[PDB]
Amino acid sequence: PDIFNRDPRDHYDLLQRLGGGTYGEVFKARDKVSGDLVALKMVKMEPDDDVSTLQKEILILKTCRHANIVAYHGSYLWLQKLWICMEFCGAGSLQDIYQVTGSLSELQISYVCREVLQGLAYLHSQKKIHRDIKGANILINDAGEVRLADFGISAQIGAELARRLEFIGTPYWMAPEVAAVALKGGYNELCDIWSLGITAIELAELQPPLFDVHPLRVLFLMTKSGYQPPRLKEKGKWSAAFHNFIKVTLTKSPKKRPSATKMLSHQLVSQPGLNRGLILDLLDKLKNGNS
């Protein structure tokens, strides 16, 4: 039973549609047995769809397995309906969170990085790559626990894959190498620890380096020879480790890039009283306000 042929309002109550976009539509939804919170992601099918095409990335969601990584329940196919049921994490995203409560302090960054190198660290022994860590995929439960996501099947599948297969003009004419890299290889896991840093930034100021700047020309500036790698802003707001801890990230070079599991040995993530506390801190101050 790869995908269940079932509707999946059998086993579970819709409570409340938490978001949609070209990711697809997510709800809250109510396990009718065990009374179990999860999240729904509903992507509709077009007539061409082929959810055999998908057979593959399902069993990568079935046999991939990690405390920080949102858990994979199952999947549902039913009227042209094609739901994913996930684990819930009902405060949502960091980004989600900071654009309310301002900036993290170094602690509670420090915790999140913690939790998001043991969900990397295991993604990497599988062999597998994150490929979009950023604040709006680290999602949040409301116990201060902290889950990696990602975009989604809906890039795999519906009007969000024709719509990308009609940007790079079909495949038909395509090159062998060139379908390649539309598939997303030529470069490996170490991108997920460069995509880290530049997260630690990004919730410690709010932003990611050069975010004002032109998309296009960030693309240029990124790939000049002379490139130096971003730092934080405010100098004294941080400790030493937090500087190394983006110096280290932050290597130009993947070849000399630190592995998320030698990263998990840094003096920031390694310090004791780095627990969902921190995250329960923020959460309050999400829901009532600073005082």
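Residue numbers count along the first chain shown, from 1. Under this definition, the rigid core comprises the largest set of C-alpha atoms superposing within 1.5 Å between the forms. Compared with the form deposited in another entry:
Only one of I201, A155, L148, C89 has its Cα shifted by 2 Å or more between the two forms after fitting on the core, and that residue is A155. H73 is not among the residues whose C-alpha shifts by 2 Å or more between the two forms once the rigid core is aligned; its shift stays under 2 Å. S253: CA moves less than 2 Å between the two forms after rigid-core fitting. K56 is among the residues whose C-alpha shifts by 2 Å or more between the two forms once the rigid core is aligned.
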Given for the second form:
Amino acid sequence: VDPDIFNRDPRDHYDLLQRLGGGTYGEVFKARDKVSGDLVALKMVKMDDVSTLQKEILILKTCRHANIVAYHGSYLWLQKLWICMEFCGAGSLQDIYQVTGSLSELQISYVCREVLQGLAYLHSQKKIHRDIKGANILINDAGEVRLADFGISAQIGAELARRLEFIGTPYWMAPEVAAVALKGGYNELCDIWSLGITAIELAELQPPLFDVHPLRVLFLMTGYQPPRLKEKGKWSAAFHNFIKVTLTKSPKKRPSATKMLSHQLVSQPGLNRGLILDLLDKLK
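Can you give me the structure for the form deposited in another entry, which would complement the form deposited in one PDB entry we have just seen?
Here you get just the chain by itself.
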């Protein structure tokens, strides 16, 4: 729900062209603007506590950065909410590497730079993505990089707000319990770790431990040694160092997104959309 919501059928302004797939929740459709012919992405969510959707919309609406999917408005019609966003012609990095195979170090370097620019902006607004992965990093026809799917971020923000509201009397509560109730058990630096895992996923086609049961992975991480790239000789010492510092086990010692932007791997002068246009030609 939103004060700027369009209380109208989205088919008044758009032609639905094809179903693309789901996100954390909702189904995304490729649509075409009836007036300009411009393509958009429409995420349809069936409708309940509307708190998560209100937060998702607020997150998208208050973002004005090139590395974050552009938000064009939402429609409420027949108990379906449609969130209209920027369309990304090549899909996610996962749609691409599943066909093309491993990305080169330069292509990964450019993607990490673009994601870090988007993360530095999000963290500057006190926002946390919490779901950084290849499937949530979209590529348009121009080789440009966009962060998408704030569903997890919205669920966490709504859950935190719902928790403070029903926490009751805190007079017997221990300080560590009061701290988790107000700020959760972590901060925005979790996004820097997820980006390092994503760099390994782009290089190896899977995140570390993918073949291990999700619950067993949670227990292993909770003596845990941060993952490393498999083939040392395939990558430069700069890429190995990038993985090392992004995957700093202690968040306190983990560098911020702005600090990571001056790391040699992502501050190289030859990084641009042309590296991704090369990958898209390989997909063709």
